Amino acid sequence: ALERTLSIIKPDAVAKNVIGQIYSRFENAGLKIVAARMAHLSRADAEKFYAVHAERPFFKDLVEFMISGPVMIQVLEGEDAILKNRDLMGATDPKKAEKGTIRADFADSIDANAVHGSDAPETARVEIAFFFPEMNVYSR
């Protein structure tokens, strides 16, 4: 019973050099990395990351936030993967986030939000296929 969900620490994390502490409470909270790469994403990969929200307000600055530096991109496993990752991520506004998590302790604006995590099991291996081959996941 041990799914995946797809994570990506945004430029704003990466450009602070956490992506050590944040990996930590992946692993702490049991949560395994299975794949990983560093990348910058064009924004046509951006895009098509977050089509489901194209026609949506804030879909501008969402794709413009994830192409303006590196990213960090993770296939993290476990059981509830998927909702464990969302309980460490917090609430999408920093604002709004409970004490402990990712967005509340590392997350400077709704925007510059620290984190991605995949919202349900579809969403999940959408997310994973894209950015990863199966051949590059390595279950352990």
Given for the second form:
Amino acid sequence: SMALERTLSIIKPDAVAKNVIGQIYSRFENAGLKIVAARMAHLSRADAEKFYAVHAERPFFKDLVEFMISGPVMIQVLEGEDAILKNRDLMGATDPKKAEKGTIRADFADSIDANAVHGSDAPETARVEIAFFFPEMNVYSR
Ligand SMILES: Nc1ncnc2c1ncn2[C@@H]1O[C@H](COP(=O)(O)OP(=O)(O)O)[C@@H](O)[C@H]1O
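So that was the form solved without ligand ADP. Now I'd like the form deposited with ligand ADP bound, please.
Let's see the whole complex now, leading with the same chain.
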């Protein structure tokens, strides 16, 4: 057995607009991950900037923020064995052109400029990202 983990997932505005929330949810659920918190939201500039602070110096920072506030997102906490890595494996590489066939990014995105999904990349970032978007009373382990 591996540790039971929680990770923060975002279906970005591109995939929400494509109306493929359900298909992406089924990738998680069929992989053995459970949706334990969820909310559709529309991020403010400030919140997007805070959430992606780690990339504040990167050349893509401005574009990322404008993209993430361009329309509603679907945010969820995924729980299961090895959830953090499992989610990342389902998402695929940052660049959809380089992502493996069958990943969410390969299947639902075309360029790095709009790449469908976010997932926490480590235990530490998972904790911070979950607490950013959900109070613990609105996360329901099962
Ligand atoms: N060169 C780029 N141009 C536009 N957006 C980018 C670029 N690189 C990264 N991004 C955006 O910033 C997000 C976070 O970057 P990063 O954490 O490095 O990738 P990942 O989301 O695969 O963990 C990416 O998922 C993507 O939406």
